[PDB]
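Form deposited without the named molecule, single chain, as C-alpha cells, below.
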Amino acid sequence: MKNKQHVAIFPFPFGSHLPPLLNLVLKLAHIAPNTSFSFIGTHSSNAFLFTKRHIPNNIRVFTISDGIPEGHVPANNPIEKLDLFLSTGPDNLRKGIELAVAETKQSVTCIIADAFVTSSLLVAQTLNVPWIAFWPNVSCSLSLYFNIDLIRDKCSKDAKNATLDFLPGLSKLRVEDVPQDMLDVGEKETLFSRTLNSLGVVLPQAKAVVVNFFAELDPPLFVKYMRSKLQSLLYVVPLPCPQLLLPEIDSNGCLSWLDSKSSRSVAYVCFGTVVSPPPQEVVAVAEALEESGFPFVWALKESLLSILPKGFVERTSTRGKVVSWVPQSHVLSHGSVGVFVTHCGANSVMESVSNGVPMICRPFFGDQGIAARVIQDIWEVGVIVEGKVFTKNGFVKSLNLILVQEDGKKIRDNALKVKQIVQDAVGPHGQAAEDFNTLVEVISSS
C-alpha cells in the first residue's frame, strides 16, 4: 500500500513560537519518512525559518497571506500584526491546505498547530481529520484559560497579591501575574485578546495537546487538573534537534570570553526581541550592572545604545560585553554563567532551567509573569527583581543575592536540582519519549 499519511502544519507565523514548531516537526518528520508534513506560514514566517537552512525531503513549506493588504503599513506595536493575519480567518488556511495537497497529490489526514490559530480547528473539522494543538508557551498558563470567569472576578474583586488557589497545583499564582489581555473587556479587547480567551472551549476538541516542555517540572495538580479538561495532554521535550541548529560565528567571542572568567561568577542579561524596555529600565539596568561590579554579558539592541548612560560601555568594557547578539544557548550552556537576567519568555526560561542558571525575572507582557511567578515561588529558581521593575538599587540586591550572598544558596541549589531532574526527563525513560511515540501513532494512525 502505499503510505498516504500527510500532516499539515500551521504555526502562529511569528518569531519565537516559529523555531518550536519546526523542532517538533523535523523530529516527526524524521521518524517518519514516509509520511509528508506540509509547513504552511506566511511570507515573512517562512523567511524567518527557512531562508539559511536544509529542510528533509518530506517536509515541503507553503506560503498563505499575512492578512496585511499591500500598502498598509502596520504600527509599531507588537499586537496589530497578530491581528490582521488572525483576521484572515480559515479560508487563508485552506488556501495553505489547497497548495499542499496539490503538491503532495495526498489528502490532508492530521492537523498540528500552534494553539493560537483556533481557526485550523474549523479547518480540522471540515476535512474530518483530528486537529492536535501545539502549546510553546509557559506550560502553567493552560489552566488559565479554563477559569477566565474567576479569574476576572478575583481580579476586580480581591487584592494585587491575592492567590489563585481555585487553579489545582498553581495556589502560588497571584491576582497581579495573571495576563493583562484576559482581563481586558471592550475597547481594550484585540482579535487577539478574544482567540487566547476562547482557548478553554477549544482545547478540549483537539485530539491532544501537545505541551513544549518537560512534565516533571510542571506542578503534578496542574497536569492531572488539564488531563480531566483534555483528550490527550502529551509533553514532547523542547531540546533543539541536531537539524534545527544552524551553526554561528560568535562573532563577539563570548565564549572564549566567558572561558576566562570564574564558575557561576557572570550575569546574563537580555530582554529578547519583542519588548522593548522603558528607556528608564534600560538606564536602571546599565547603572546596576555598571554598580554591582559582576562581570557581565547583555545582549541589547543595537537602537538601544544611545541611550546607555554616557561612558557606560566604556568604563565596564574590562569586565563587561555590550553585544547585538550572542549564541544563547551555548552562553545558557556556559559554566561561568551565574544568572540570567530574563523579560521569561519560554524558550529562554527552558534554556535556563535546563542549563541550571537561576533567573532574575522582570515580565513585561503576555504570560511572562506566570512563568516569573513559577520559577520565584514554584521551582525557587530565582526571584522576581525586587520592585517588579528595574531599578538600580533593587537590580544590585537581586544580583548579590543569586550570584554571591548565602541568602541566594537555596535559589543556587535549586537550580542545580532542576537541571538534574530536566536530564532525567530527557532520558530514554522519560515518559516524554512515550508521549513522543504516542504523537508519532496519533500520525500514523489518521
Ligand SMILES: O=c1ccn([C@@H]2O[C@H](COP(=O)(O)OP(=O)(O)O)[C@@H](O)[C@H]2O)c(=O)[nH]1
Second form
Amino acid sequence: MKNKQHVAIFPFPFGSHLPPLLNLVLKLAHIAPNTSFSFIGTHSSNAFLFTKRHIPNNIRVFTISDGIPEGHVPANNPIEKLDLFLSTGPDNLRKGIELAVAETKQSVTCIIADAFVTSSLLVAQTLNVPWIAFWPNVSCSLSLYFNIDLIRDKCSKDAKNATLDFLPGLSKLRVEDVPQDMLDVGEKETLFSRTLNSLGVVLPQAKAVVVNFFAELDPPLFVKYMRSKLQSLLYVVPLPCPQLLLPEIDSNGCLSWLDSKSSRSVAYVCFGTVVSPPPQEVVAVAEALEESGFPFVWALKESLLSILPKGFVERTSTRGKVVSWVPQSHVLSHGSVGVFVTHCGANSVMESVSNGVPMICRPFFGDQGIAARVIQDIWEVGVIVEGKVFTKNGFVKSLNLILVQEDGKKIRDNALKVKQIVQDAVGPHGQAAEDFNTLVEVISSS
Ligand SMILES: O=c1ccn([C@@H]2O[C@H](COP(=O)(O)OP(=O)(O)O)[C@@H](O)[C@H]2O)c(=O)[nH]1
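Could you drop in the structure for the form solved in complex with the named molecule? We only have the form deposited without the named molecule so far.
All chains and molecules follow, beginning with the one already shown.
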C-alpha cells in the first residue's frame, strides 16, 4: 500500500518562531522518512531558515505571501509585519496547500501550525484533517488565554503587585506581569493582539497542542489545568536535533575568549533580536557593566554602538567583549558564564535553564514578563532587575548578587538543579519521549 501521509506545516513566519518549528519537523521527518512534510512559509521566512541549509528529502519548502504589497514600507515597529501576514487569512495559506498537493501529488492528511497562525485551523477544518498547534512561547502563558475576562478585570481594579491566584499553579504571577497586548481594548488593539486573545477558543479545537518545553519544569497544577482545557497536551523536548545545527562558527572568538575566564565568572548580556531597548537603558547597562568590574560578553546590535558611553568599550576592552552576534546557545553552554542578563524571550530562557545559567531579567514586551516571574518566583533561578528597568546602581547590585554574593547561593544552586532536571527529562524513557511518540502516531494515523 502506498504511504500517502502528508503533513502541512505553517510557521508563524517571523524570527525566533522559525527554528523551533523546523526543529520539530526535522525530528518528525527523520523518524517517518516515508511521510511527506510540506513546510509553508514566506519568502523572508524561507530565506531565514533554508539559505545555508540541507534538508531531508521528505521535507519540501513552499512560499506564500507575507501580506506586504510591493511598494509598501512598514513602519519600524515589531507588530506591523505580523499584522500584515495575519491579514492574508486562510486563502493565502490555502495557496500553500495547493503548491504542496501539486508537488507531492498527495492530499494533506494533517496540519501542524504555530498556534499564532489561527487561520490554519480554518484550513484544517475545510480539509477535515487534524490541526496540531505548536507553542514555542513561554509555556505558562497558555493559561492566560483561557482567563482573559478575569485577567482584564483584575488588572483594571487591583494593585500592580496583586497575585493571579485564580490561575491554577500560577499563583505567583502578578497583575504587573500580564502582557499589555491582552489588556488593550479599542484603538490600541491590533490584529496580532486579537489573534492571541482568540487562543482560548482556538486551542481546544486542536487535535493536540505541542509545547516546545519540559513538562518537568512547569508547575504540575498548571499542567493539569491545561490538560483539562485541551484535547491533548504534549511536551516535545525543544533541544536541537543534529540536522537543525550548522557547524558552529565564532567570528568574534567568543568561546576562546571565554576559555581564558574562570568558572561562572562572566556576565553574558543580550536582549534578543527584536527588542529596541530605550537608549537610556543601553547607557545604564554599559555603566553598570563597567562599574561592576566583572568580565562580560555583550551581544549588541552594531546600530547601538554609537550610543554607548564615550570610551566604554575601550576602557573595558581587557575584561569585556562587545560584539554584534554570538553563537548564543554555545556561549550559554560555556562553563565560564555565570549569569545571563536577558529580556526573557522563550528561546533564550530555554537555552539558559538547560545549561544551568541563572538570569537577571528585564522583560520588555509580550509574554516576557511571565517568563521573568517564573524565573524569579517559581524556578528561583534568577532575579528581575532591581527597579524593573536597567539602572546603573540596580543592575550592579543584581550582578553582584548572582555572580559573587552568598545571598545568591540559593539561586546558583537552583540553576544547577534545574539543569539536572532537564538532563534527566530528555532521556529515552522520559515522558517527553513518550509524548513525541504520541505525536508521531497522530501523524501516522491521519
Ligand atoms: O547574538 C545572538 C542573539 C540571539 N541569538 C539567538 O536568537 C534567539 C532569540 O530568541 P528569543 O525567543 O530569546 O527572543 P527574540 O529575539 O525572539 O525576542 C535565541 O535562539 C538566541 O540564542 C543568537 O544566537 N545570537
